[PDB]
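Only one chain comes next, encoded as structure tokens, the form solved without this ligand.
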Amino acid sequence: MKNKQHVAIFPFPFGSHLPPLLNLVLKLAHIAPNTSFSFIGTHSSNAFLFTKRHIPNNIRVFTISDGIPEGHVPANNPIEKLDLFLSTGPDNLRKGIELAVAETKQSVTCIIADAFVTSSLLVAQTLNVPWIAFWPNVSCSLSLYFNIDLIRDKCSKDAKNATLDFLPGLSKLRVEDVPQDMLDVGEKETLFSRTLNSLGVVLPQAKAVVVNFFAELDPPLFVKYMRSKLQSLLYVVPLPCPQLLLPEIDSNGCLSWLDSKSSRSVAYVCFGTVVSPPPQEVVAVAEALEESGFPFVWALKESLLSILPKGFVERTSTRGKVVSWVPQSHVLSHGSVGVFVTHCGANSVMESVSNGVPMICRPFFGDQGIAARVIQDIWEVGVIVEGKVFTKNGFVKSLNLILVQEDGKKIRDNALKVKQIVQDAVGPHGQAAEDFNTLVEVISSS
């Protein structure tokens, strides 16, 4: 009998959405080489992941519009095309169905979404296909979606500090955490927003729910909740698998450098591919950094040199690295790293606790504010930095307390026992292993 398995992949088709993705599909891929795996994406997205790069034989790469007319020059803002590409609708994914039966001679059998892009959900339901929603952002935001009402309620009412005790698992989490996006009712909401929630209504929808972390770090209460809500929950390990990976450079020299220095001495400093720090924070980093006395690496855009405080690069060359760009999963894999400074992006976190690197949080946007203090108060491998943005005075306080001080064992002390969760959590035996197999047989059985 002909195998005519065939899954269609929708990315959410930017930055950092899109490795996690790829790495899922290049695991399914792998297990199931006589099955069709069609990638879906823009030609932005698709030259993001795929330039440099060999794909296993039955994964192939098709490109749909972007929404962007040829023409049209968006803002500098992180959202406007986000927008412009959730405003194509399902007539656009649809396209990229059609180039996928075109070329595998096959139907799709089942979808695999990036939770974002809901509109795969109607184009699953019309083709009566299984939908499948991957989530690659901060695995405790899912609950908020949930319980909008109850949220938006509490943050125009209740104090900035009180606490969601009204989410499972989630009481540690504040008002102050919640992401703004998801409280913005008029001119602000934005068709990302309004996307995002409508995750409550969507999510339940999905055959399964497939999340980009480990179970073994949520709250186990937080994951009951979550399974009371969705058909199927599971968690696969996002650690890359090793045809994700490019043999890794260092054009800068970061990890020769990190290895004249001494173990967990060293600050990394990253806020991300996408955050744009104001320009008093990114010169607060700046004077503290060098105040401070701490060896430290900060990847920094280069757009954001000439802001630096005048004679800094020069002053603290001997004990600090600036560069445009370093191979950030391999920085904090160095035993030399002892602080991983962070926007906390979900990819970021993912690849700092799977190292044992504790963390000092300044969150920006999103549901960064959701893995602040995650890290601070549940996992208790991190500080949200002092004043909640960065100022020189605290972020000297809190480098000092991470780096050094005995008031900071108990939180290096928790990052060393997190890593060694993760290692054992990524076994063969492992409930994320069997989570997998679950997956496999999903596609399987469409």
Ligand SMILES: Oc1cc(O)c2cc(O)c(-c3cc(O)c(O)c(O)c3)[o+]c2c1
Second form
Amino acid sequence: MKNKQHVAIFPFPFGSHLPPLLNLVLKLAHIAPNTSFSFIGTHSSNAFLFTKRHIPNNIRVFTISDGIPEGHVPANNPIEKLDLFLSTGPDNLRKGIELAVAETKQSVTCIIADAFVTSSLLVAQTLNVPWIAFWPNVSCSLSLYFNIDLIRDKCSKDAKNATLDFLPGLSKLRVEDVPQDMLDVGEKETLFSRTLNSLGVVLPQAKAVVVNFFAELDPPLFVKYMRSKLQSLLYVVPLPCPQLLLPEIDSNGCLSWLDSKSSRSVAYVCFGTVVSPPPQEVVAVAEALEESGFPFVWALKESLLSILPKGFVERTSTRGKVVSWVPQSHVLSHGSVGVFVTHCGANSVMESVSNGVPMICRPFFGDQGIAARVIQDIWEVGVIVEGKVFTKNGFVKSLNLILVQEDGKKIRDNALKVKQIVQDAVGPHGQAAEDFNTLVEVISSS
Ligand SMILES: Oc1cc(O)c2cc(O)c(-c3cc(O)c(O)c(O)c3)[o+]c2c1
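In place of the form solved without this ligand, output the structure of the form solved in complex with this ligand.
In what comes next, the whole complex appears, and the chain from above leads the way.
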């Protein structure tokens, strides 16, 4: 009997959403090389993932429209390109299905999609195939989308530090931690925010929701709450397949530099690639790092080097490293690094907790506030920076708290505890090993 299993994959075709979904498909393709996997991205998303990278033969790549007509020049806001792609609707997605079906000579039996591509559910219902939502964001933020009205009401009437006790297992979350686009109503509403606010109705229609995290780190009561909202909640280990890793030269020499530093002494600073921080906070970070006297690695966009204080890089050159790029995963897995100063992106938090690195948190948007709140008040593996924004005096204090002070021993200890929890979670028989097979069974039973 000919194997006719054909999984269509729909990533949210942007930056940090692309690698974790490729990582999952690679694992699925390795264990089911008889099954066809059709990865359907845009021209720019495909170039990002597959330019110089060898992929298994049962994974084929197809290209659909990015929603940007030739001639148009999107503004300098990270939402427009998202809205433009989402505006393409299911019809653009079905054009990717056409290219997949034509190539493989197989009708799609299953669809795995990033939860943000809500149009792919209509596609799944049209084809009558199971729809599997993939969730590479902050896991604990899944609960929010089932209580939008409760949250919108509380965010307008209650205090900003009021607890969201109506969320099982997430009573530490506050009004000020809630994503802004979830509260935005009317003119401020984007196609992106309207899509995210549809998750509470969209997600229960998914055959399975695959979370890119460790189930053992999430609050058990939150987990049970989500299992009560969904047909199936599956956790697959977010750690990279060796098929995903593209080994490259450490051009900056971060690791060689880190080897000359002592254990848990280095501050690693990075705000991500989507985040455009105010120049004054950028000035404040440099000022704090310099005053603190701690060794540091700061991954900073070169477009921001002119913003840096005069002589800062030159004066800190003997104890600090300011570079355009770092192999972050290798840096966070280095023993010299004592604190991760982060914007709290889901992947960065993942890499920091799995390596036992405490965090200084400055969330900017989205679900970074949820991550930061979990890091400080639940896992207790870090602190939100003093004042919610970067200042010289507040940041230095956070740096001193985590790195050297006895008042930060509970946090450094908790970071080691969490690392051990992760190491057992990724074991041969943690929850994810069982959940990975369940997902494989869903695909082979489709
Ligand atoms: O409220 C939220 C909750 C979430 O989980 C989010 C996750 C995300 O990845 C993004 C996101 C991703 C991008 O690549 C962008 O260019 C951008 O402007 C936003 O926004 C989010 C907003």
